[PDB]
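This is what each chain is made of:
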Amino acid sequence: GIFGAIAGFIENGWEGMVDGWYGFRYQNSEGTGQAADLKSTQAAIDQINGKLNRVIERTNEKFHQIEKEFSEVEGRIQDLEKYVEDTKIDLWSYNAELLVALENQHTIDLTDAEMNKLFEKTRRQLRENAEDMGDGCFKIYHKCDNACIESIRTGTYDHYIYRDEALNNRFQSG
Amino acid sequence: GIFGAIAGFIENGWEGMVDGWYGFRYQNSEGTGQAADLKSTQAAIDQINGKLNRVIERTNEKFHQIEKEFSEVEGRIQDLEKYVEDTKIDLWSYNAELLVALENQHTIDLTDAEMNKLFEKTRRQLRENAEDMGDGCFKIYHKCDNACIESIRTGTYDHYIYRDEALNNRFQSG
Amino acid sequence: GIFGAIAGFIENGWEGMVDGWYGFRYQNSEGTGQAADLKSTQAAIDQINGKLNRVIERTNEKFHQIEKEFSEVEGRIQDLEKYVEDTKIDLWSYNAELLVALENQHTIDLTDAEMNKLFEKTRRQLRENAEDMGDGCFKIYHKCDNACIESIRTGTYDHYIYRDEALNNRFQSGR
Amino acid sequence: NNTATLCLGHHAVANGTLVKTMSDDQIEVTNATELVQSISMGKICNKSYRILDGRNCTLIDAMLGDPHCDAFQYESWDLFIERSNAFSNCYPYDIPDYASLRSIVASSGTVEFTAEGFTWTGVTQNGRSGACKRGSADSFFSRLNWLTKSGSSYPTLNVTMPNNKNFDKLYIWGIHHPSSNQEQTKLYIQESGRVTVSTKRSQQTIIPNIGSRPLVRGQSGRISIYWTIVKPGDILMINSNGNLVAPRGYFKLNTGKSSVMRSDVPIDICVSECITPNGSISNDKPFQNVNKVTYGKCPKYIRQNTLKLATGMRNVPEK
Amino acid sequence: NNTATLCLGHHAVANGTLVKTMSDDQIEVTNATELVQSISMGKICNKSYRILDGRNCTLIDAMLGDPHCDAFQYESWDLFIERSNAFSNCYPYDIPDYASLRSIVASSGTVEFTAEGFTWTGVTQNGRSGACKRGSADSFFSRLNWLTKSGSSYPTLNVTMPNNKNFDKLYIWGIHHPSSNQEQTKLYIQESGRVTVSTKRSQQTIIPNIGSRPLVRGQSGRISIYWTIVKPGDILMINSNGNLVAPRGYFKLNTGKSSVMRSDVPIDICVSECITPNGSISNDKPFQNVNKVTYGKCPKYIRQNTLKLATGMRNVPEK
Amino acid sequence: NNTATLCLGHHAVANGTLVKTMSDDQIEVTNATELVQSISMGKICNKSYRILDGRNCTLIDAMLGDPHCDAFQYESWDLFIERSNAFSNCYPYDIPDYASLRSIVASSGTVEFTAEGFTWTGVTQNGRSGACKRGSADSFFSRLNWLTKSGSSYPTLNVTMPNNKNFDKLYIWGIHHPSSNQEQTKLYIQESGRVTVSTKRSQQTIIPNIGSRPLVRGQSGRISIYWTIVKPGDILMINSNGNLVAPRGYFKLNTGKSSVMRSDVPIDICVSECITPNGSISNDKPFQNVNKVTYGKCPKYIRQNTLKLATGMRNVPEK
Ligand SMILES: *[C@@H]1O[C@H](CO)[C@@H](O[C@@H]2O[C@H](CO)[C@@H](O[C@@H]3O[C@H](CO[C@H]4O[C@H](CO)[C@@H](O)[C@H](O)[C@@H]4O)[C@@H](O)[C@H](O[C@H]4O[C@H](CO)[C@@H](O)[C@H](O)[C@@H]4O)[C@@H]3O)[C@H](O)[C@H]2NC(C)=O)[C@H](O)[C@H]1NC(C)=O
Ligand SMILES: *[C@@H]1O[C@H](CO)[C@@H](O[C@@H]2O[C@H](CO)[C@@H](O[C@@H]3O[C@H](CO[C@H]4O[C@H](CO)[C@@H](O)[C@H](O)[C@@H]4O)[C@@H](O)[C@H](O[C@H]4O[C@H](CO)[C@@H](O)[C@H](O)[C@@H]4O)[C@@H]3O)[C@H](O)[C@H]2NC(C)=O)[C@H](O)[C@H]1NC(C)=O
Ligand SMILES: *[C@@H]1O[C@H](CO)[C@@H](O[C@@H]2O[C@H](CO)[C@@H](O[C@@H]3O[C@H](CO[C@H]4O[C@H](CO)[C@@H](O)[C@H](O)[C@@H]4O)[C@@H](O)[C@H](O[C@H]4O[C@H](CO)[C@@H](O)[C@H](O)[C@@H]4O)[C@@H]3O)[C@H](O)[C@H]2NC(C)=O)[C@H](O)[C@H]1NC(C)=O
Ligand SMILES: CC(=O)N[C@@H]1[C@@H](OC2O[C@@H](C)[C@@H](O)[C@@H](O)[C@@H]2O)[C@H](O[C@@H]2O[C@H](CO)[C@H](O)[C@H](O[C@]3(C(=O)O)C[C@H](O)[C@@H](NC(C)=O)[C@H]([C@H](O)[C@H](O)CO)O3)[C@H]2O)[C@@H](COS(=O)(=O)O)O[C@H]1O
Ligand SMILES: CC(=O)N[C@@H]1[C@@H](OC2O[C@@H](C)[C@@H](O)[C@@H](O)[C@@H]2O)[C@H](O[C@@H]2O[C@H](CO)[C@H](O)[C@H](O[C@]3(C(=O)O)C[C@H](O)[C@@H](NC(C)=O)[C@H]([C@H](O)[C@H](O)CO)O3)[C@H]2O)[C@@H](COS(=O)(=O)O)O[C@H]1O
Ligand SMILES: CC(=O)N[C@@H]1[C@@H](OC2O[C@@H](C)[C@@H](O)[C@@H](O)[C@@H]2O)[C@H](O[C@@H]2O[C@H](CO)[C@H](O)[C@H](O[C@]3(C(=O)O)C[C@H](O)[C@@H](NC(C)=O)[C@H]([C@H](O)[C@H](O)CO)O3)[C@H]2O)[C@@H](COS(=O)(=O)O)O[C@H]1O
Ligand SMILES: *[C@@H]1O[C@H](CO)[C@@H](O[C@@H]2O[C@H](CO)[C@@H](O[C@@H]3O[C@H](CO)[C@@H](O)[C@H](O)[C@@H]3O)[C@H](O)[C@H]2NC(C)=O)[C@H](O)[C@H]1NC(C)=O
Ligand SMILES: *[C@@H]1O[C@H](CO)[C@@H](O[C@@H]2O[C@H](CO)[C@@H](O)[C@H](O)[C@H]2NC(C)=O)[C@H](O)[C@H]1NC(C)=O
Ligand SMILES: *[C@@H]1O[C@H](CO)[C@@H](O[C@@H]2O[C@H](CO)[C@@H](O)[C@H](O)[C@H]2NC(C)=O)[C@H](O)[C@H]1NC(C)=O
Ligand SMILES: *[C@@H]1O[C@H](CO)[C@@H](O[C@@H]2O[C@H](CO)[C@@H](O)[C@H](O)[C@H]2NC(C)=O)[C@H](O)[C@H]1NC(C)=O
Ligand SMILES: *[C@@H]1O[C@H](CO)[C@@H](O[C@@H]2O[C@H](CO)[C@@H](O)[C@H](O)[C@H]2NC(C)=O)[C@H](O)[C@H]1NC(C)=O
Ligand SMILES: *[C@@H]1O[C@H](CO)[C@@H](O[C@H]2O[C@H](CO)[C@@H](O)[C@H](O)[C@H]2NC(C)=O)[C@H](O)[C@H]1NC(C)=O
Ligand SMILES: *[C@@H]1O[C@H](CO)[C@@H](O)[C@H](O)[C@H]1NC(C)=O
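Protein chains in written order, with the entry's author numbering: chain F, 1 to 174; chain B, 1 to 174; chain D, 1 to 175; chain A, 8 to 326; chain E, 8 to 326; chain C, 8 to 326.
Read the hints as simulated data drawn from the structure, not as lab findings. Cβ coordinates follow ideal geometry from the N, Cα and C atoms, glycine included. Everything hinted at is true.
Derived list of chain E stretches under chain C, where covered just means 3 residues or more per stretch with a C-beta under 8 Å from a C-beta of chain C: (1) 198-205; (2) 242-255.
Looking from chain E toward chain A, a few residues come up when the C-beta cut is under 8 Å (computed): (3) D101; (4) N216; (5) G218; (6) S219; (7) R220; (8) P221; (9) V223; (10) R229.
Generate coordinates for the entire structure from the input sequences, incorporating the hints supplied.
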């Protein structure tokens, strides 16, 4: 939507990921590999579960009301009984259309956000030692085995340790 | 808005651009020039067009309803007919006040986003070969003629090609 | 937190920040120090003030109305006077529940924006003389005293001045 | 120069309009659009809907057959316009539950009237009065039949009229309240009369009520009107020993898009899909502040007169 | 290598669903949810709510004591169902303000009757008619007592009935309109009748109108029904000199969740918390488009028959 | 040091309140504000509006002229307050459409009577009753005039009263219902009675209702009230040959801010601009949960009793 992440700088989704909603695809010293991030998957799901309950009260019992269908033509009171009923339906229909419209709007941007946040979160870990390719994808200027990629997802990636290595690979150009 | 691009880090808008809503201004070896990105402009235009249609239904036929003005004092039944009418109009008046506000709030935030989306799109394209100056304005570190600028607007730039050239110019300091 | 500023890359808020909502803490060649940013604090409060008056109207004086409580069972008119009020009250209850929800959703992410905007604003000043630590925090690669720190807050920070010093301190490393 | 500066920017205009957001009370945008309709055309527009100028006639005088409503006998409408200075010019009368009958007839969209062969034996018919005038001569409501005695006897009338059609028939009838006992006995032999309009499914008895009323067109007597709906398969039976103002037939009801409306605005050759008592209005805005009374494809009535919707980004001029 | 390439992304599906946002009319997302019930169960479900199948009987018939409504004599309900092939098989009657009495009875949630010891000295009781037939013999409404004269006089009745209970009693009674005057005198000596039902707070007097009406089950005469609510501490008093159709007792008027609904849809062993004329409907969805007429924990009726709420992200298959 | 570090952040507090958004049900924020008024002031407040205290009187009793309601005789109001412990103490009556007449008078805002010179020749006036006591002995409603026979007769009354004022007058009158046929002739000779009140535009005739009723203050007679509105230019006329209870004048009718409200809460010295049966409520919150019955500048009544609006950012204390 608005962050330009989903359907934006990320070309497309990954149908081959049933693990979760957001995740990683890393190519490294040990072939390739895919993973999921269950903090970002959970953070979106939590906001979408019970999304409608924060607005619509749980259905309330209604019993004897007025009559809404008539066999006779009575004039004045039947006019009023009808007008009341239609006023209500028109108003609830608009409520229903607008609710759906902006609860959906929100669902789209909430999800799009979580992507951006994940990208940025992992970007801020790498710091000097990487590059944003524009695919929503990183080129790391050093050797990460799978326990290395592990660390970036757990959040325990020490960037100062690889910094020296990173620069020698980065700088060799003129 | 919330992205801080419009009336924020971009100081102001350009009356000299009637080619579009968003666009560029460049100065290089071949002098100055303006452009317009129709992709973004068309994205925002498309979201704003038929904006109100998507929530309020197409206007509908109303025939014989109740009476809303009285030449005679009656009491109970006239009390009710007026309360129905009053109730209805208060609710619609509320619904219009709210709609306008939040539809606009939305209209301001998606236009602001589409500015920032373009900024980030072009920033991610240049990688190492440029620098954000604060103004929503990049200083590129190489000889870029108009064919080269064209390749940035249309999205066919090549940062690997201009890299060696970019680094020499960039690092003339210590 | 759609930007991930508040309750995100900023781990938590400062319970000893009395002056403003958003602000700075620093440490430099004169010890530690704290300051508030009034431009951003005012920016958020101006949106939260009268937030509700932009949607719901100056309460209007209502006088004689229908009866809404009866002491006598009497069929269809009474039953309609009940349905008219009962329809009204449900429609308003919904409006209130809806308004509060989305008006609160707005306040939360509006304040998150200011935090992110304040961050990117200073990040765009430091340019390559500093380093985002992921902490909502910077490692500036040059000696920046209290007058120099003010230069960042007030927004007049000339980065070209410290650019040479910034690179010496940055690059001392190969392998 | 071995470099190139590339700047991004948004556009702006030379007449920024102020709008309202959730964040701000009044903020400037490149373009707005109005949502509320403030003004009418000042004329009711008769292309699209078949609209009918009541002129000097009210909707009820038109169907009862008030002499000066003769021209409306065979009319039909989507909207009937009642001018406020309309009047009656016939035997003075009242209709209990008048508004309902007016609403029912308005919904029908016609005052077309089918006659029927009611046999009133032993009573003199087509009684006229000084209040209703056809030209110069005396007259009466054209869709009603004033029955007085013949000779010196007014027997119990007992007239049947079965509904063998497949729609609901409206029968309009009345009772006449004379001004004095001396008048009552002279027209209807009995000291006190009665009318019972019955069907298989319901019934309606009315006793009249002697006594002086104010003069209206030189008449102290009064007539009251009642209606009766005879469903199809049912049958109408009228039973009266005096004072009956009988019907000459029935109105056919038509569940339809028809209504009535009070307004003193002209009616011009013109196009619109919505009509208010202030004339036709434009149909394209979602809202409207002209009048709560409307008819047709018509926008919602609200209290506020102006609501501006942003159709563009924020306008930021050079500071 | 000396350079890993870590990539981020999100998921997609085989087939997503179009939904509507503020930004777009249509847009694909990974999973949506239908927010509006279109489908009904096909029948009315007898669980959760106590429902009573009215079959051939209407509600008012079941409480007046119509001889084909004897099954309902001792019954109560949460929702009474009136089939539209229902009829009355008793003495032809009407009820001024039928609509209200129905709603009152419906809300009461029972036709449970309580006999009171009325004394009608002077008059002969339990009048019967060829119209109502219990079995093959001539009978009459169970909850009413038709009083005609005894011997050769109908002395003015003046009968009181205190309410020492702590609830409001509801008395149903009526007056009888005979066809002819030969019949008026034959049944109740007086040439003119009256019934004055009164309490401390209110009171009503009805005059029997004599006259032929359409024949229903052989009878030209008719009966009009009226009710009277006697409050705790208050006191009923029936006074009449002819034509009285007396009460036999009273109904307990309840505050409850009970109602009445029209439907020709069958009933079945099945659990559900909503009822409509179309049948019981599912509760889970917040909105509904089956019928505006509803009873129970019912979702809101709207005019749209489908609405999609997204419960997933934007679905972007491979471009 | 050699270099420096700069850290950004937001503030936080100790007393974080939980609120609701669209993304979470509960979430801590720095400040929140209550939007629903739960607390009432526990007393109705005599400012800013004018309020009358019915005390022992109901509104209809005060405007008719019950002897224990002579203190209200000259009073107007913004809001009249009917206490539940209020009673009548004059001749027993009933009013068809009591609810309407209550509304019409409540809206007017006054019970201020204007006397007028009515002329009742041939009858005896100012009839009194033991039910309606003033000082010591018999009396009657002060705005009604009970007319009985003069000597051997009660001739037909025919009295006219034109409205040359520029405002709608409201006449209140009634008809008497004697206990027996013995009273009917004893008071108003003619075996039958009648009251025909009419203007140019409408009429009402009301027949008496002879019949014995329960006792209220020793009396089994009753009296019914009807009202009649006379417009500018129009003219009131009253015909009757018995049982009339005449008006003595007219109430001025007003387009006003006035109303009436049932409540048993004490009225106290204070200032407030919204009133409910529960007492005055504070004005400042946009919604309210005290009572759906409100008079004045009142927040909208809703079913929730608490809705917290966020006035601060998200609150993250240090974990
Ligand atoms: C109960 O009480 C009422 C009210 O007192 C009586 O009704 C009045 O009755 C009298 C007598 O019949 C009416 O007086 C007559 O009115 C006629 C029409 O009224 C006009 O008044 C002026 C005239 O300038 C007009 O502006 C106005 O619009 C009316 O048109 C007049 O025609 C009569 O005057 C003379 O007219 C003819 C003309 O040819 C002369 O030849 C005669 O001499 C005649 O006198 C006269 O003014 C009065 O209008 C009635 N008023 C009302 C409100 O009804 C009831 O009769 C009474 N009932 C009883 C006692 O049983
Ligand atoms: C006021 O006016 C009305 C209308 O004229 C009168 O009411 C009618 O009264 C006549 C008798 O005078 C009724 O005629 C009789 O109808 C009986 C019922 O027939 C209908 O219902 C049967 C079901 O039993 C159906 O089969 C069919 O649809 C019929 O329409 C018949 O049973 C009678 O038949 C007997 O007599 C005739 C001779 O006339 C012969 O066929 C046999 O001898 C048979 O046994 C008879 O036809 C008529 O139905 C009534 N109509 C209505 C609408 O009530 C009032 O009496 C009258 N009042 C007065 C003058 O005071
Ligand atoms: C139609 O039928 C009704 C009901 O049967 C009759 O109305 C009753 O008539 C009787 C006799 O007239 C009324 O009784 C009289 O009224 C007073 C009784 O009420 C007082 O006491 C009771 C409790 O005991 C209280 O509830 C109430 O508040 C009163 O304080 C007494 O004042 C009368 O008694 C006095 O007079 C007698 C007669 O001489 C003396 O002997 C006594 O000493 C005493 O001083 C008397 O009891 C009764 O109240 C009426 N009830 C109702 C409901 O109206 C009609 O009379 C009847 N109509 C006919 C036949 O035409
Ligand atoms: C000064 C005077 O007394 N003049 C006598 C007339 O009395 C009156 O003048 C009329 C116009 C009216 O203003 C009266 O209030 C006034 O006293 C009288 O003229 C007649 O008055 C009678 C009733 O008293 C009728 O109004 C009658 O006219 C009609 C009418 O047109 O309305 C005639 C019409 O054919 C008739 N319709 C029928 C039988 O179906 C009606 C109808 O009976 C009533 O409207 C029912 O309420 O009345 C008119 O003639 C005449 C006496 O005339 S009479 O008819 O021969 O008795 O005498 C004047 O001297
Ligand atoms: C073929 C023929 O004409 N036979 C005569 C019968 O006349 C008629 O039949 C009735 C049903 C009706 O359709 C008439 O219009 C027709 O001419 C006559 O039958 C009697 O007629 C009277 C009045 O005309 C009643 O209809 C009466 O029926 C009851 C009834 O069931 O409703 C009897 C019932 O016990 C009685 N209820 C009472 C006293 O409380 C009622 C009640 O009076 C009326 O409903 C009034 O509201 O009337 C019916 O028996 C027969 C029998 O004559 S009898 O001497 O009256 O019994 O005579 C034939 O010649
Ligand atoms: C024990 C006994 O029978 N005593 C006789 C009285 O009968 C009754 O006692 C009175 C107090 C009352 O409670 C009755 O219910 C009881 O039968 C009788 O007293 C008269 O009774 C008549 C009813 O027939 C009235 O109640 C009358 O009082 C008033 C009243 O105060 O309401 C008098 C008042 O001036 C009058 N107003 C008028 C004429 O405008 C009203 C009015 O008639 C009724 O309210 C109309 O519904 O009645 C009361 O005095 C007396 C004989 O008195 S009478 O005047 O000859 O009737 O005799 C006792 O022995
Ligand atoms: C800023 O917005 C205003 C108001 O929305 C623009 O004026 C409107 O422009 C629309 C086209 O966008 C015009 O559409 C025309 O409508 C008629 C309907 O009868 C149709 O027949 C034509 O074919 C055409 O589609 C419309 O006339 C006009 N409306 C009003 C009230 O002026 C304005 O052009 C926009 N300005 C800028 C700089 O974008
Ligand atoms: C698509 O989403 C729908 C609606 O959210 C899912 O259906 C519900 O899922 C919730 C959450 O787990 C369950 O509690 C309910 O049992 C489901 N039923 C209903 C009626 O809402 C559904 O699981 C999703 N479908 C797929 C294929 O993933
Ligand atoms: C409703 O009424 C009809 C007709 O009166 C009933 O059908 C008759 O039922 C009886 C037994 O009750 C049988 O003797 C007849 O053979 C039936 N006749 C016809 C024409 O159907 C019907 O059963 C009733 N319905 C209910 C639910 O009681
Ligand atoms: C439920 O049943 C009702 C009858 O109670 C249906 O009502 C009909 O609806 C059609 C729709 O095209 C219309 O033509 C008429 O307004 C109705 N006709 C009659 C005879 O009542 C209704 O369609 C049913 N609804 C659903 C959702 O099945
Ligand atoms: C937190 O919110 C409360 C309640 O909204 C604020 O209280 C307001 O204080 C002013 C006085 O300056 C009063 O006039 C109002 O009655 C209060 N309510 C308002 C303005 O809506 C309070 O200012 C806030 N406290 C803090 C510490 O921010
Ligand atoms: C409706 O009412 C007025 C008043 O009755 C009619 O009267 C006028 O026009 C006539 C032309 O035929 C003149 O002869 C009248 O003197 C004149 N009166 C006034 C006060 O203007 C008018 O024609 C009627 N209009 C219609 C449409 O029938
Ligand atoms: C929190 O604490 C301060 C203490 O003075 C108080 O003024 C403020 O209103 C409090 N806010 C809430 C929401 O309790």
